[PDB]
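Between the sequences and the hints, there should be enough to build the whole structure, so can you do that?
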Amino acid sequence: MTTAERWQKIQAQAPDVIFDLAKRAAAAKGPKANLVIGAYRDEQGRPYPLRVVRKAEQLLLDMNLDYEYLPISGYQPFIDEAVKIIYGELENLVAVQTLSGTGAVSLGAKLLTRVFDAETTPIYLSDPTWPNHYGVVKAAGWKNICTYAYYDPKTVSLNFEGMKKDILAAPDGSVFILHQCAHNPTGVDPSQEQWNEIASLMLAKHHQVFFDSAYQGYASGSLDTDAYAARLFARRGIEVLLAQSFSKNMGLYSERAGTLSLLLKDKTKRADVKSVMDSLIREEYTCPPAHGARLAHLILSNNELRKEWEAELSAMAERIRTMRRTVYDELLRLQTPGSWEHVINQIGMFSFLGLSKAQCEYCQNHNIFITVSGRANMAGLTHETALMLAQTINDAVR
Amino acid sequence: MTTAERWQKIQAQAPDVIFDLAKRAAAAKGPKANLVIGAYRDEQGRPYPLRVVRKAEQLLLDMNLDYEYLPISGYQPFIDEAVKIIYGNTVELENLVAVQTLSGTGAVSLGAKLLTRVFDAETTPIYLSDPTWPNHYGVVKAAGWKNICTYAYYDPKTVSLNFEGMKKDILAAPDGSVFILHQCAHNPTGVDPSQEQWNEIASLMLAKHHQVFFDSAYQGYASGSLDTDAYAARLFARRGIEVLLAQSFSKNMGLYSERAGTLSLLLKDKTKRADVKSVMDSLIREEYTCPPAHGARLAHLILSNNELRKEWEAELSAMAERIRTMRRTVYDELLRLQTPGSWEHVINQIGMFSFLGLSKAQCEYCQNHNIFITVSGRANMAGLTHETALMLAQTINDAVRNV
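As given, the protein sequences belong to chains A and B, one line each in that order.
Heads up: the first sequence runs through residues 7 to 94, 98 to 407, numbered per the deposited numbering.
Position in the second sequence (first residue = 1) + 6 = the deposited numbering.
I should point out that these hints are in silico values taken from the structure, not numbers from a laboratory.
Among the hints, erroneous ones may be present.
Unchecked claim - Simulated pairs of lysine-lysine, DSSO-like, Cα-Cα distance not exceeding 30 Å:
1. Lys-147(A) x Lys-15(B)
2. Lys-147(A) x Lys-366(B)
3. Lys-283(B) x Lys-147(A)
4. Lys-147(B) x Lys-29(A)
5. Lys-15(B) x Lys-29(B)
6. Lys-147(B) x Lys-278(A)
7. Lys-316(B) x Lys-278(B)
8. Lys-29(A) x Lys-278(B)
9. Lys-276(A) x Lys-276(B)
10. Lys-38(A) x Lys-15(B)
11. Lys-278(B) x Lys-15(A)
12. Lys-152(B) x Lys-152(A)
13. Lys-147(B) x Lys-152(A)
14. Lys-15(A) x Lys-283(B)
15. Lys-61(A) x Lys-61(B)
16. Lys-283(A) x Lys-173(B)
17. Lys-15(B) x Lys-214(A)
18. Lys-29(A) x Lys-283(B)
19. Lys-29(A) x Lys-276(B)
20. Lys-29(B) x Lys-152(A)
21. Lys-147(B) x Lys-147(A)
22. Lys-15(A) x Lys-366(B)
23. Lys-173(A) x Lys-214(B)
24. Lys-147(B) x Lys-15(A)
25. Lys-214(B) x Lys-283(B)
26. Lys-61(B) x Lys-283(A)
27. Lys-283(A) x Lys-214(B)
28. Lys-283(B) x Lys-366(A)
29. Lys-276(A) x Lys-274(B)
30. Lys-316(A) x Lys-152(A)
31. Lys-90(A) x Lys-29(B)
32. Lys-278(A) x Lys-174(B)
33. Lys-278(A) x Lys-61(B)
34. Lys-35(B) x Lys-366(B)
35. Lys-29(B) x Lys-274(A)
36. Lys-274(B) x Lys-152(B)
37. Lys-316(A) x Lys-214(A)
What the hints assert, rightly or not - Derived, one-sided and incomplete: chain B residues facing chain A with beta-carbon distance under 7 Å:
38. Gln-19
39. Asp-22
40. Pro-53
The C-beta atom is built at its ideal place from N, Cα and C for all residues, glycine as well.
Here it is in structure tokens:
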């Protein structure tokens, strides 16, 4: 058998649904709205490097830094500042830099196979969730992937009774992947009181909590407010594993800046956990890229840049709210059948519109690129495309 | 059982031996030579951001670029230019499938995973050189390879390739095994096959229908010429081998911290390239979604811009030459001190390292005297200065005589 014959037999894999549709949207001719990937655009619909990031790039260049290898764990000042934005002592936690949020979810999922039997232990995702959760957790070796009830499309709200039921029905010592805020795709989060109840269930059932924190800042417009869940779980004594991204809230999508952190009381065990994290990193990519981490560190740590960043993120969230309102008002003007309050009540970057698969296909075929599940990036809208979206929905629904 | 009690059961792993000794070396006080990690240092022993890279940082900043996600496969202009330096502007460039990776380590890991979709990784041997980069073993294991093997390669008695043993092991392997080959600048020994040995190795890989996986982390350092250093990969391509290749820009461009690499396959069947790419992307997406852009953008600018490109090649050639001057300095001093034994390997070995031949106890000695080579006798010759070359030749001379 020749190598060519072996390669002949390789099994193709389907394209990533989201990235492929973004490609289609980017390639489309004529008036259009590319509303696929949750990336922020400005008032004119332009890609938007943050002003604080522009400043940071110059400040970094002026430092005449070298390009020597980071430690396997990454750039420590970045790790330290990043963990502080989520939790508000660093001796209680063990953390490394990761290839953004995705890399954190992967490394965490892998790490967890050292403490749970991933051949049989259920790992739970929300219904619905970020599609890549399935693929990441499966690649990390999880054979038993389950769901918890979360969203109820008929009422555009949480099916909280169902979620609780599923948490309690799970065998003791299961892993639950929770969105820390700005649930993707639904834009509906537990209330603070619901979070309290969820923490008590996780404790009572001895479940492992794994937070995915990709949009801190975008639920409320405030980083502090949006960290409510992770901080509550910490106060409760939960051994929180958390995957953090700076892609969306700092707009460093291309630079892949994230962390993975675990809360754990015992100092010796924290060292042991760090040694496993490092072995997993070393055997995949040796050490992480510095540029994203260095940009983020300088913004988080410089007093002026840090204040400027928070105000910029707040303004970005406000612009999303104006877009929701522009879409909603137009749906009302056109008298589009159904209720549309979820457009203005959902938070984060998206609306999860509730259209049928055929209706979403219709939108896409009329150059309004929302997903087949009905998710629309509100942060990708301008005034003009906000009206186009509403008008296309109106046609799709009738 | 509480989650606190379950975490209690996690088992500690040993620290990375090379990154750990590098940390000790950097921490040590007094007259020292930190020769652990294979990272280039200048005439004064300082980290050396390349002049062309500094120029490229300004040109990128002036372009006022956004930070939107790259495609899963990465930045196509980088990828295209990067594979060109390995194969040249040739027919092979239309016959290949390539993605951006997290540097060379990322490419070795990704390639090792991809190969588990073409070969049975529970059974099929995957071969490493005796000895090799310490991280090869862990990378390949972690990708799912259960039968990791070695081929005879370095002979400490002759400071040379045991080429007869190498051929024997290539032939003794079952047909359709995987071989990881260092494209040039062998790590850790600095001993490469001659061009004539490479031609014989290609014939054996074709006869046995083995998969070749080149690890190409130092293109430029074996000779100071990118063209000369690409001989092995270019010969294998020309002779019809489906080369899988892991490329790094950490060393030849100094982009250690930015993690810029590629993984590429030459494929007989131009029509299965899409299928292979779909697998590569699936593996990437489930790990980190898409790669970091800054290193790829820097490297792309340097590769594609005519003036930067010419300037980079000059600069790399000058780096390679400084390494040679350090080897010659060590060697002339070993001759002068009439150190017992032969030392021509010092000047004949190429790339960043010397495998010096000292015993374990002799290397430990050197380490305790602040000459930080590895316990296997590996020395980063590119970390030397005139001054520390003499100190290395002297501490070697003390270690041979007294330990």
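> Against which earlier hints does the structure fall short, listed by number upward?
Replying inline: 2, 4, 7, 9, 10, 16, 20, 22, 23, 26, 27, 29, 30, 32, 33 and 37
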